[PDB]
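Taking the form deposited without its partner chain, here's one chain by itself in structure tokens.
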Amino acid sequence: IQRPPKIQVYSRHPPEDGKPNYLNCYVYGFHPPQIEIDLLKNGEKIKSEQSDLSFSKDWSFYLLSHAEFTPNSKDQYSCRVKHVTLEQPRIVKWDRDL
């Protein structure tokens, strides 16, 4: 029981300032299943397009939240996850050089 979530913030296509992309936040390997995931632009939240809760032997419970977004050299994004294993909501930033 009590397993913290593993997170992956990434974009669908290699980003270029201008072309509309998609930002996905992959969260998995956690338990219990109740978990909240917010997508953030400069600190405030955006498109809550979330998948349906799924489970697997190899990654326990997992989810995928995504939003359409347009890259700029000034706007920064990140994924915020809230789970009973995190004393304070964990925030992972979208690094676009990884």
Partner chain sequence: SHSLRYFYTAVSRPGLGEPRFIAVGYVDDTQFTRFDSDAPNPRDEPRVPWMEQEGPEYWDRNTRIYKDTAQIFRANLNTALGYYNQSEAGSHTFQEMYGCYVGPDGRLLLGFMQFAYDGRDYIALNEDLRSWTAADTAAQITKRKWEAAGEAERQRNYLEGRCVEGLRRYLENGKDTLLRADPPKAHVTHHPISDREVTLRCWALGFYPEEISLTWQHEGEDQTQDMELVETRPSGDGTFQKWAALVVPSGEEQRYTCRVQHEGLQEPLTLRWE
The other form holds:
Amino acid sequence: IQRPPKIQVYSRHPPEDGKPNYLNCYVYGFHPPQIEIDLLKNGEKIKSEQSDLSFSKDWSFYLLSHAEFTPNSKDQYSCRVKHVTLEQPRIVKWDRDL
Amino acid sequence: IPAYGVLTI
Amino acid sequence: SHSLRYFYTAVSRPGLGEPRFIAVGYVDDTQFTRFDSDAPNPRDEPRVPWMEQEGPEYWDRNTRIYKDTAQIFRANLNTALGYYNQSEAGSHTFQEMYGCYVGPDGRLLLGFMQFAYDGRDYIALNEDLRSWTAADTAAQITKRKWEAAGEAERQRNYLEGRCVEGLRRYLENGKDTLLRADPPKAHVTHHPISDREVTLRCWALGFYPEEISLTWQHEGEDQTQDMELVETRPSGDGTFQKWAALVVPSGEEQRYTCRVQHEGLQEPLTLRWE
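What would the structure be for the form solved in complex with its partner chain, given that what you showed me was the form deposited without its partner chain?
All chains and molecules follow, beginning with the one already shown.
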């Protein structure tokens, strides 16, 4: 009865150096609800906010972790997700093309 | 307003 | 068409306390309320500015309903253990989805109310609002009880009455944002893969509501088979984003067009890499 999380990592507005933005990690279509979503900066966890647990018509859950940030063409960002269906934590880079 | 949510399965 | 929808989820956590209960409220594609049994002082709270106009008696009522509902859902998780002969050691999920869609006459179009145990259909109120569908044999026990208790009827009463009258009130509350559609601002990006193939990516950004159609067309026929549609995702400010990618040959990009339509677009959008 377990479904793996799908993951998108992306910014709210188009990225530009020195221009304040929002980093999003959208993880969805998973079950059970127990999940661990951390935003990473250059490999390390940063303070992030998480949306209220909700779910879709197929009963799978979705969440949004996000943080204010300022792209600088130096720092890398990624999203780390731990879940029962995952042997080890999955990490998804933030790629501005996606 | 939400329903009373009183349904016991 | 507008809807008012509520999403309930309770999660058991053996040895870690009472099962947590979470209830989020949606009016169309906008979360407007939220309740969390784990919060230091469990309250139904606004999550949108246009609900801040509602008085304390309003919120206090919801809080009472939600605390009740939280206890019932805990009962249900217990009962479910008996129904399925499961130990008190594992974690389990119970969910409810319900709400009302309203048609152009401002009246009930569709009332729905369903439940799930561990992510599978449990029981649901049929579209007629006068009968239930049991997903398995356990839910059949529940079905006999709710029929004998005339539950369908009073649930119909709510969906036809309280639910739509509420929805309309909320639409009025947030009329300045809920009734206007933000069109998507679309564009195409170009990403060479090799000297022979390139990915064309069609972006749709900052649109509301969530519904949208992104399709790639090679003059007439659309290429559903070889294109990557990502699920629509939240912008974080209430709007949404989505893209559709299509791998095509170098030199042939001009032959493919992206077709975008959204409720807030007077006529479909047609894009291309020039």
